[PDB]
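First, one chain by itself: the form solved without the ligand, in structure tokens.
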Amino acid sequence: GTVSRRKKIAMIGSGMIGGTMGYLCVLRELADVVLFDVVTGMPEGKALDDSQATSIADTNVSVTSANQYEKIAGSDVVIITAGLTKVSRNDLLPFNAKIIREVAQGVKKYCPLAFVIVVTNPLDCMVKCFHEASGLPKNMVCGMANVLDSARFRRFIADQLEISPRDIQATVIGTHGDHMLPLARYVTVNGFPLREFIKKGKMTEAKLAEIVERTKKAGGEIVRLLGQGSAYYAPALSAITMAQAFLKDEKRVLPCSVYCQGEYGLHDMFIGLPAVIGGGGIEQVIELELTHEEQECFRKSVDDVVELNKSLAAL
């Protein structure tokens, strides 16, 4: 009887990020939500909590919990946070590759036409692992990391310039850790190069460097401060912004881990790069004219990913 069905997003992993992405769907009435996890009780508790929030938000989406993959059938988007968060993130490889392969089998069987956003660390490597195991088209698989990294880069710059982060364009590309690459040269204030602001003394080169470093250390700082767990509010919104850009065919520039077949001279691997997300999934991969120095920094990020993928293959 239903002619116009709601979009459906399956959260594979119902931890803090998963439950929070479910909350965002309720607040924005973005889609029905399935909180999936191989955990007893907890996912149902969060589904009841999120479901009950629809009343106060005056929205109507269905939030349910599941532990069997058949329940993710028909999902338009799948967001994966399942996997270990601690035992180096590189060290998570063996344990999470196994989990990601199980998720890939579930998606391949029940919702192979979905757009998939991986969050599981080590991210770039796990995205490749999911892509290989699931068999999905390269434009329908990506990883969330750089949107979150860029959010931090932007917030720090916005604080210094006293301008809303909406008007700060700052992008981080590459992989996780200290090799991530906050592109200082491409930071703009509504398209106006940051270098002009530095020249006017609105920000010093030293402050910029401090911000670049802070962007790299941001996730670890939150981990240290929380004492248990890791960030979830910004990560959840980062992933849902990518999901909405796909669902509503918005065509948003959102840096994320995408499959390369020549871009930046890279082949057969996923790495964080500026991309356009729309109803066709990853519709564009933007290849920046990196300077020689930037390429050298980027190569280190690339090498980190290549090394992990080498180890992944050895499994």
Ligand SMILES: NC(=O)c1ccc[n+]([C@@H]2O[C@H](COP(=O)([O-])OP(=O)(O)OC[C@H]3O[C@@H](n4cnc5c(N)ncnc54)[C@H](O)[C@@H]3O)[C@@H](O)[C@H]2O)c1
Second form
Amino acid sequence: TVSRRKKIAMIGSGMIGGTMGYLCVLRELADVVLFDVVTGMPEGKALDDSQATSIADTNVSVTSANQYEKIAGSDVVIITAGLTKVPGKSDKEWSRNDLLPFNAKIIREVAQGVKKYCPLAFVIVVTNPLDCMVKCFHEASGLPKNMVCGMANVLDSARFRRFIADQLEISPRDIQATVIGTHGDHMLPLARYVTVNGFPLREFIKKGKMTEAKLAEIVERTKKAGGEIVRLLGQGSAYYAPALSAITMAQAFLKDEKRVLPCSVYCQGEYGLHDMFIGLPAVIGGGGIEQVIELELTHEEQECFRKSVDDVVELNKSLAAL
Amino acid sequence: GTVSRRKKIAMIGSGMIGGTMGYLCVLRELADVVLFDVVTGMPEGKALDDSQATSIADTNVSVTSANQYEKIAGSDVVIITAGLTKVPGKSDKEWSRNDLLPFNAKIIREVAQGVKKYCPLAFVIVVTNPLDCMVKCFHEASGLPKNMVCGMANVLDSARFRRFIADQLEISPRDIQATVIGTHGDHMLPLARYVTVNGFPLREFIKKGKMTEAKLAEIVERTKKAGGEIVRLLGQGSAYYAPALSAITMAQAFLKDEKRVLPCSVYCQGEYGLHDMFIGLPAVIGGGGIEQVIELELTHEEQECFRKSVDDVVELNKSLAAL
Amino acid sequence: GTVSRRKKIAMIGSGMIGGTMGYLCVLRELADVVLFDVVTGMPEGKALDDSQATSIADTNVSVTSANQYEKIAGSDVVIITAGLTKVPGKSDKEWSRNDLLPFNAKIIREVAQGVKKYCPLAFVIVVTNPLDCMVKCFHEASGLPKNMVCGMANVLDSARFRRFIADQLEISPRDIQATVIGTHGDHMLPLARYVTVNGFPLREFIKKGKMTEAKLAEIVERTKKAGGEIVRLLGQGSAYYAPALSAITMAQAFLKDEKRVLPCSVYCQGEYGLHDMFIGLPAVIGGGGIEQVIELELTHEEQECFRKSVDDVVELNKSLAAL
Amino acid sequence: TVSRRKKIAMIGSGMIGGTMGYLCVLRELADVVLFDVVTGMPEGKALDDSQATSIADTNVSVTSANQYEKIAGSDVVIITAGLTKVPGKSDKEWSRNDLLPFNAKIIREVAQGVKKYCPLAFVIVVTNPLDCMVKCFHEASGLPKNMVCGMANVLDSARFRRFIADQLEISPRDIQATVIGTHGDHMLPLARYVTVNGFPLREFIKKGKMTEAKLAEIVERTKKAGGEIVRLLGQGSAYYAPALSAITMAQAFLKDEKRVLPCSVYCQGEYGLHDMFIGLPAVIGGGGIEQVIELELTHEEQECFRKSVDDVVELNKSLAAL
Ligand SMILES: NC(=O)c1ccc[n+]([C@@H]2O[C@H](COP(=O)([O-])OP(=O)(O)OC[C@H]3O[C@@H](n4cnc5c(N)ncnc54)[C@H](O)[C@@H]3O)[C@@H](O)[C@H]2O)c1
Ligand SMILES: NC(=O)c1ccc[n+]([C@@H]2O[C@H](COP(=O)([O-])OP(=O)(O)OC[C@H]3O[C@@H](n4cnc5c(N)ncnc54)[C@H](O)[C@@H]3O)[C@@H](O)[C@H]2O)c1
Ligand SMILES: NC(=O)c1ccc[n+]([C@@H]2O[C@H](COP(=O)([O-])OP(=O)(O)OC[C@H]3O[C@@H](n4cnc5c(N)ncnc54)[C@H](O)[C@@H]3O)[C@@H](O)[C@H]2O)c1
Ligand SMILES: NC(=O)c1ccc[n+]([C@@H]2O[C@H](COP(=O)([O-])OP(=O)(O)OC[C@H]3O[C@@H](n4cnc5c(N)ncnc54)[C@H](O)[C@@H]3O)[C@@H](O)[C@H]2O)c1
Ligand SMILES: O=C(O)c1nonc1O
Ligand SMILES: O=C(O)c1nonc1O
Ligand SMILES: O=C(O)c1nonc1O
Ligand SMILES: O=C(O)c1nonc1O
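Moving on from the form solved without the ligand, kindly provide the form solved in complex with the ligand as a structure.
Below: every chain and molecule of the assembly, starting with the one above.
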């Protein structure tokens, strides 16, 4: 075989892992390995997803595994391995930060597997607490700084954009709305940078297409979106938009698209941040994280951002203290 | 002042398959979506998740949830997945689509009243098991035209048949034409004789050593057991990815009048000598609904098998009337 | 008995752009296609070529040719490319869209009568140059609603603006929002101040050294001269690939009610203080046709430029009445 | 750049070359190099096609060239370089065989360029007389037998399928109709192998959905399709379906799809043919031509096939005698 297919390993074959494998089948993006510690269920997802290639009229290989040697040769690795909720807690008390002691353990295990079998892969961490887990994976795996990132802000921005799109009655394709920062209650939806095909939202508000109170409400909804879905589902958390967000990132790498997709990235001076990962606008291409966009935040915005930073910083301190 | 309105598909049942189909509509920007279910909460969680996905897919369709049939009014297509997947008490090995009869007949008749009242002009695709029995139940309970009601099953069965063959021949499933007809159950009939590689009979490939007769037979058996295998491996519910895509592919064939050949459970009126019943047959789906029902020249042997398939639907239909 | 009919797009003019748009309809299975032209023979050659392509694309739409307006009846959308691309006698360097006025005004008025008679309910997209002048000419000659007629131009101009910026910043054009408004000609206005990278002002990228002001200006000039450069390089006719995609993108926004922001020549009724004329402005295209006309808070400087753009269309419209 | 984009070189940037570059832009299939001996026009096509990426929201590089070093690193090379008609002749007398003395020269030039700058590419010859030209390119370039093929039968089959699809009122996706043999008047539309999703056409005829006379007519139309389009266009020949046919082949290689796409391939015993290229059913994947399907032709079919073979054989004799 002179021209081999792209290969993506889904470390974690739950709701998101399986849905991402499905997206690969639909777009014929790459061969898929549905890895997981659970036996049985992954083979079931693998069979379901592979059988879908017939109807999709595409041809990629979807298999399951529980041995890390199976992910060797992966171009991309998307990690969803972990718990979605704390055993016992109610949905009313769902908190991403509480998954720390449970998932760090899992992420470290995965890091060792990747370091050993596919150290040249581009890694996309999904597992929560996202920003903390990406840093955890980076340290444990030893992979280059530009080849590791966490999917979060693309999802947050998707919500931000959809809400605005509904109000303005314009397609979300033409709404540029970005959320940066830690993926949690202190994420920062950049209201001042929201544009309609480049045109500042401020101009649409001055014309009565949206009220300042509605924008504020949309900014709040964006932050609460994840918990809202957790509350409404009853079982687990969001997986459709999250799966597409991660795959969109994977494709940007695979096809060297150079798409601007906000994701938790390694900081070396940007925004005055050092030795940590946090959500920021970035460009993803064949070189991994090729650009970290440094925006000129206002003082008011810097305060909000600093609080968002405190969250990861304390989260990372708790991680170390274990 | 909208002159050009988007297509609308109501998903009656917002479980694993319903939500996945809504996701598909988002990705292809196929149609606005209504995720209907008797359960409140979950559907809206699905609607939010799927609608938020439009942003990343850069498409624009509306995805909302509902628990009131008035919401499905105007739907161009209705795909029904409402129903149980497994019978409480039964082991995974004991899983049988037929045991679902007394639980889902009730549900399908309710849905029938809802469609009859709010969107009687829709093209209806039943998915709920026992499929062939449920489609017939929906059709008589709803009163919709015979060419506007069908059941999704054989597209899924054929997909498996095709994927298995494709793997063995090292050829894309796009170029494997393998068809399964009959009742969606243990007596479904994978038409081994009609398997082709871009029109070239499989037997020529076998004669040339590409694969053996024994493997063909192994694959035929595997096709029949595919559902239960996944039920066993998942440990919860049943398949939904391929099922959702099968149904949406049929829905799209209708919406865009593609005239695709997609085997599904259809109303019989003389084909293969059958009357007043639904069963899997190769059909052509287009803007006119089920536009053609292909009647294949089956051999006596295949007829023997097909009759066992019919016996099953006939029995189920009897068990239904016996309620 | 077809309940769900495919969309229908009539291509008035089956030259380079018309045929390419039909090709696009085939690939996306967007709609049935009618390749209309006064010339006989060539259009049918295009129809055969494009229809045969459906097989390889595995899609199913109808592509036919015509020379009689009765054939475009029922069209949901009409894209007009009928007209000359260059003036015989003129050198390539002398190429100017304005010189096409006396040759295409005649053609556009004929097409107007055809649409008025056979498919007056269509969403019409004019492409023929001089664009802004031709769209206005079509609108008054046809009598169609003001929200159902527009001209494709600025989407193409913006595409160039975006591609140039994208190359310099090493970012996909998907994430570059660069817009051009005004008359489709040497006085078009690439809005440098409104150029963003996913909403982030370009000036921040310039301030950080990613690219210089001089390059921005070089690109602004390049955007204006793009058409003539291609005319010069091709040596025959003018651009058609990006043009065809620009028009089909607008057509799709209408057909599937996507509500996309696509700058195009639209009917003015007070925006920027303009009345009874068409000119390029950012607009929102959906199922209601031109659903929104965005009026940007232009600075005096940008207003000065925009006024020169308006002066051009006003002059052309005068030259037209003077016929 | 860890993950580089696929690269396709269009040797010949005329109607087909440009249209293929356009398809790459639409599908984001690969970066495109529009090569040609003509200067000016290719840069115009390159600009037009690249500008289309913005509207398509894709990101690939489309450039032009007239120096072979520019095609270095190409994964695929599609050759359309050549004349479409004999200078002076009327459209009434159009014949693919007459382009021989004009295009062999051109194909040999291209062979030297490919051999030198991208010998590891998968080559798809389009230039006519197709079957003769593929053999000409193979001999001159020295590329492996499985990495060189000629696009023709996919186009012929597309016509065959479309005509049948219209009559049966079924999508061409579900019509399997194949044409094999030399791309010319003696091409062989395999009427006995036409199926509707695997179901023999014979069964649809017995049911009155199509008449035997209509099938015969469709078989004739298929052979005459190319000349018909030449007659109707006035300028050149077909390019839309031809461009999609070649790109579909290129994609099958690039993404290792293993699609059954009839194309002129190297024969080593198949159908009793030796040292020549001719249209036959084949599977295209990452290994190039991975399979040559040998069908059990009836005696009647073998006669027709042998005449089709005679055509290339004599064509190849004329090539040698130059
Ligand atoms: N960043 C974001 O925006 C975002 C969005 C949604 C969910 N998430 C997070 O994604 C994660 C997965 O969500 P989900 O819905 O797919 O959950 P899920 O429970 O459906 O799947 C998680 C899977 O991880 C597997 N797993 C556990 N330990 C493992 C190990 N050591 N190795 C391999 N696999 C292991 C489990 O068996 C399970 O199948 C959660 O931690 C969730 O909080 C993040
Ligand atoms: N034909 C086929 O090939 C095929 C393939 C897979 C599954 N199925 C069948 O499809 C059905 C759905 O499968 P699933 O995986 O989505 O199951 P699921 O359990 O995930 O979802 C079924 C949904 O139906 C809803 N429901 C129940 N009663 C209802 C009512 N009266 N009105 C509206 N909604 C109601 C439930 O609340 C639930 O959300 C099952 O019966 C299954 O056996 C058929
Ligand atoms: N708005 C833009 O941005 C833009 C971009 C490119 C080209 N254009 C303009 O688009 C037009 C078409 O460009 P093209 O490349 O397709 O040109 P073309 O010469 O290839 O095709 C124009 C076609 O119009 C046909 N035609 C002439 N009179 C007609 C009539 N009365 N009825 C029906 N058809 C008639 C011709 O026979 C010819 O086939 C030109 O006027 C060109 O200047 C505009
Ligand atoms: N196999 C098939 O099914 C099929 C179908 C259609 C056309 N064709 C053949 O494809 C070829 C191209 O068709 P087209 O419509 O694109 O023609 P075209 O005239 O539009 O383009 C051919 C291009 O080849 C270029 N060229 C000439 N000599 C060259 C050289 N030495 N190096 C590089 N480029 C050179 C020309 O400058 C011209 O731009 C013709 O020979 C035609 O007969 C084959
Ligand atoms: O943000 C979400 O929707 C989410 N769901 O599970 N984890 C998350 O971060
Ligand atoms: O066929 C299947 O996979 C299936 N799963 O649930 N019902 C079915 O028919
Ligand atoms: O802008 C162009 O490229 C163009 N080509 O022909 N007319 C035009 O406006
Ligand atoms: O077959 C065709 O259409 C053709 N057109 O130009 N050369 C050919 O072979």
